[PDB]
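We show some of the complex, not the whole, and keep each chain where it was.
A and B label the chains in the order they appear, each numbered from 1.
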Amino acid sequence: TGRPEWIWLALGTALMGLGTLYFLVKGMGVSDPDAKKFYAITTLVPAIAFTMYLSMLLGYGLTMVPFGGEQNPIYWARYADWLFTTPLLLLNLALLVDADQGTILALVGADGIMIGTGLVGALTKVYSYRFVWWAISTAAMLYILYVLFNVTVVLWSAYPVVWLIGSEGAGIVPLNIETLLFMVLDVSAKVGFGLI
Amino acid sequence: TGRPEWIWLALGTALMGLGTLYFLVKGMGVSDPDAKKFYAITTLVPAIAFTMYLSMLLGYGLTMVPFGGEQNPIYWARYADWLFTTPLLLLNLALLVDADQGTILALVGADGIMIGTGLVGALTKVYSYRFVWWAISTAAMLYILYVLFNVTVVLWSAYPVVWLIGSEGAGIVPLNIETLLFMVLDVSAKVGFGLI
């Protein structure tokens, strides 16, 4: 079909489904309560991402916010997916370092302004302001990364970079490739980090 | 007024209000903490449903997604209501069988993709895809019903059936009756199951 990045969306869908299937199959037997918590969180993330990728694939989680004299396609379902998977991720990270609820709520709270503000950046029609939201979102990311303190850092910090050179940002790489880099980013975070 | 199913919406509003009133009155005296938790959850569900039904009654939680060559009315407030009442319900079911947070989060997590995906099915303009979302939502329902394991099963499984023959699905029964069957479904789940 006519949308260059459909194949990256299609690859994304496939890899998220499969990994869900995989963590689902792998969850059985888990009776240890704690272990069940880890498993449920690890299974749910790609599940969610699977439905989000399918919606973008299907062209539903996509919309054309105008800016820079341009009518631009924006996959708002990306943010929809990060809104729910990133705090769960942190839930997992919180069990590792065994973080208090105090730490947890600020971590999860900083996380929501993060994706909430990038989605606002995503959807603003006044190009100049997009980066203000981008910087406020990036500033919340560093809070999280900072309380969270080696691969989450590099993995999470790459989203703001691809956004910035992305076609939602400076516009340095076409959408077809920005989509590509997010997919690779989402699969490693949703599936590999869960595998790892 | 001109919308055939307004009376089913009106009946729905009335029954949700009344039952709220009822569980509200019945909650007083509850000092036992656990009991308070059961009461709060049972009171809140119809409360929410009361406001959702009123909005659809008032014609506000309604919208006309086009598909099948048709401009179709879709009560998106139904999903808005299920998004919040169904996990609370499960909260209650979780206390019965005393389910771990592990079990609880997957149960509540499976539940959100469930209504999230049906709402997407609800709102897609490409008729063919509606059922793909319908099946992904139904597949999450069975996870829940399956971890949840005799009346929740029959009650919950009826939503996907009415959706399917519903005017949001195959279109086998007109909207005026699909609304009817959901109301009967929602009241028994929101009020009777709470009573029961």
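Keep this in mind: a contact is a pair of C-beta atoms (placed from the backbone, for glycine too) under 8 Å apart; a residue touches a chain by one contact, two chains touch by 3 or more.
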item	value
Oligomeric state of the whole complex, in copies, if 2 are shown	3
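Basically, only the chains that are shown with their structure count from here on.
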item	value
Angle (degrees, nearest 5) of the CA superposition of subunit A onto subunit B	120
Rounded Å distance between subunit A and subunit B, as computed from the means of their C-alpha atoms	28
Residue ranges of subunit A in contact with subunit B within the complex	30, 33-37, 39-41, 43-44, 47-48, 51, 54-55, 58, 60, 84, 88
Residues of subunit B touching subunit A in the complex	100-103, 105-106, 109-110, 112-113, 116-117, 120, 123-124, 126, 129, 132, 136
